[PDB]
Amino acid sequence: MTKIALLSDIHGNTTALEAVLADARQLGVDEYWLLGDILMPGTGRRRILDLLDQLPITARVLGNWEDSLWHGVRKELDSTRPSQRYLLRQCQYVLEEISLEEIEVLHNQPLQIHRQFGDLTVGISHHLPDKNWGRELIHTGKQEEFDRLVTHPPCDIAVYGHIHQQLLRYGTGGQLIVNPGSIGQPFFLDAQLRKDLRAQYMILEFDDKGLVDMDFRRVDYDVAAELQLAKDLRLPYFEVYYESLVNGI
């Protein structure tokens, strides 16, 4: 048996990431797949990169926030738009601890990977195979779009992140489509589910006979500590980060 932890949409959430990695370590996880959206708009910088450096990371794909960071530091974002100015402040925040050379490394990642596990082809991407941004694959996404994860090129199991929701569904051909959700910014549209903003990730176990387990986990972390950390660090847009971690909007 190989036990793989899927890690997605960390978003600089230091305390939530530490808690998930402790959980994963306890469970005897063998390897880690990284689905992107690593840094921003959360607290962690050097800390996130160092935590990940310690891991047996055997697959990594490019998230749209890594592009954003890259464009942000190169001064390639539109200063007219408020949403972009918000991004600029996050990029500048990140730059205080992270070198341009490291941002180059984060940016130089494939959109899509494929691994073989015995009989099974596994596709891996942040969002779509050739597009790491957008809303094609939200919870009500068109089947045409989901099938893009599992055909041309084909796989039997696609894993993706980006939407910040846990998922197990199917391509038209019965190919598995899974999403670990988000470590740092779990997204809920149901108000009761939204009261529980513990971190999200998932574990895949492959054995001699195929896929033996798909475990969608929630991990408790200390929100107060993460928020205090944000205050101490002078994280930009504290009020937004507070809403996301406390209220989930």
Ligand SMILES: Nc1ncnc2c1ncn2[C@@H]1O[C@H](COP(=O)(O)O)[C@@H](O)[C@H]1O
Contents of the next structure:
2 protein chains.
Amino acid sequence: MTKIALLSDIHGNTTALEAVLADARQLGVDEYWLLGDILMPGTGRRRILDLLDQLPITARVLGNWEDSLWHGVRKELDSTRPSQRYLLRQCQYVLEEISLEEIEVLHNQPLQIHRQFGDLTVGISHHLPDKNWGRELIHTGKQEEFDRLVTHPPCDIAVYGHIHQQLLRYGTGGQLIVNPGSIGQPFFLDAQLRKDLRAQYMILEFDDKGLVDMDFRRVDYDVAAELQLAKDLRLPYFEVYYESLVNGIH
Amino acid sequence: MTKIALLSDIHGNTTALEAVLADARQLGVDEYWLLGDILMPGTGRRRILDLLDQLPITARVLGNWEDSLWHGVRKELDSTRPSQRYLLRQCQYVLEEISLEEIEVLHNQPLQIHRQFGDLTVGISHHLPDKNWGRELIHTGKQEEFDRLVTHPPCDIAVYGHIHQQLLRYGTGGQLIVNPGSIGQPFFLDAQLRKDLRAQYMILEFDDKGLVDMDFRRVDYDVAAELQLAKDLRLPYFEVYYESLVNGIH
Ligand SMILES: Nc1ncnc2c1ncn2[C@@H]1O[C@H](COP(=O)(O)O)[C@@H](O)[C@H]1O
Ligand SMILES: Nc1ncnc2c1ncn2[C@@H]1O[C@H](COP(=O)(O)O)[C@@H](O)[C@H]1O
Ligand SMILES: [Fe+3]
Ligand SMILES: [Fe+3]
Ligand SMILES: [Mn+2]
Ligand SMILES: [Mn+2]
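Next, report the structure of the form deposited with this ligand bound; the form deposited without this ligand has already been given.
Following is the full complex, with the preceding chain placed first.
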């Protein structure tokens, strides 16, 4: 048996990540897959990289926020655009602790990879195989777009992140498509589900017979402590971070 | 915490049910929801109703195969169709151990029910809220149809069965939609996934903060023993049953 924790869309949420990593340790997870969006707009910098360095990471792919950080530290952002001004300040926050060499490692990652478990081929990407940004694979996405995860090249099970929602659905040909949701910025369109903003992740378990378990988990973490950490570290756009962690509005 | 086991699409598969029930009991499950398609075309008759009698079943909805059984024993099936002569023979088999009065109880079940857990309303149905048969909610079903599970009347989380596939997706408004899959007749369109025909069910765990876990489980059972039982009982259409359990073709 191999027990795999899918970690995605941490977004610098130090407290959520630590709680998810402790939950996974308790469950006796054997390996970790990192789907990307590691840093920003949350508190975590050095502490996030150190926690991941302690992990048996057997699969890793590039999120769009790794590209955004890369552009930011290379002075390609224009603050006259509100969205870039926001990103730039986040990059500046990150640059207080994280070097350019470490950012280079964060950026030097494949868009898509594959792993094999007996008869089963698993595809892994942040979003689309060739495109780690966009809205193609949202909850109401076209079947055509979802089929891209599992064909050309084929797999039996695709795992992705990016949409910040937990998911188990299918390619046209019956291939599994799974999403662990977001560790640091869980996303709900439903206002009742939104009252619960615990960290999201998932466990896959493979054994000699095939895929034996898909566990979509929620992990409690100390929100008040994360926000106190944001204040103390002078995290930019406190009120935006606050609203996403407390009210789940983005 | 309340830990709920969703049991769907048993289809008379005695050995698969016994295995799922032992897995559930080991997990400390607090209650069981029965999504329908209890009997036929598998082996279990009295044994299935006995096993379900020993459980804390807090929710139960009508499956289309319950309707079929009721119409079958009342000679209301269409003899001009091959599929319905197959069905009639399954009904006659069931009738050997099960009384007309029990079939009436099986048939007198609601199509859809609702349960509340704190802030969350859970909708429960075999297929569609007002239609327990057809192909509307297959893996590639139209979003308009899925939205019927979660609106008019509204709920935050709909659970259904009928398609014999595990599912976690969303209504247009972000409402959860889940499917435990089939205990007795797991259905795969993907050949590699089809190599593993373990029983499917799922666990929902609710706590003080909301839905904390969605665990989509596979349960190993002794297929050889179930097929030997089918022979010993003179189950009709042994070769169809064999195909369904060994090769996964329906
Ligand atoms: N269906 C959707 N409608 C609107 N926004 C969405 C949807 N799905 C995901 N998002 C947003 O996209 C964000 C994740 O993208 P990223 O910027 O790559 O972290 C989520 O946190 C949401 O705010
Ligand atoms: N996407 C699909 N394409 C073809 N057949 C399906 C699909 N989804 C479910 N089914 C069939 O419908 C059956 C369940 O319906 P029921 O007759 O109510 O047990 C499954 O055993 C499958 O054989
Ligand atoms: Fe993200
Ligand atoms: Fe069924
Ligand atoms: Mn992303
Ligand atoms: Mn059915």
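Positions refer to the first chain, counted from 1. Think of the rigid core as the biggest set of C-alphas that the two forms share within 1.5 Å after superposition.
Fit the two forms on the rigid core and the C-alpha of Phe117 turns out 0.5 Å off between these two forms.
Comparison between these two forms places the CA of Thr80 2.1 angstrom away from its other position, after core fitting.
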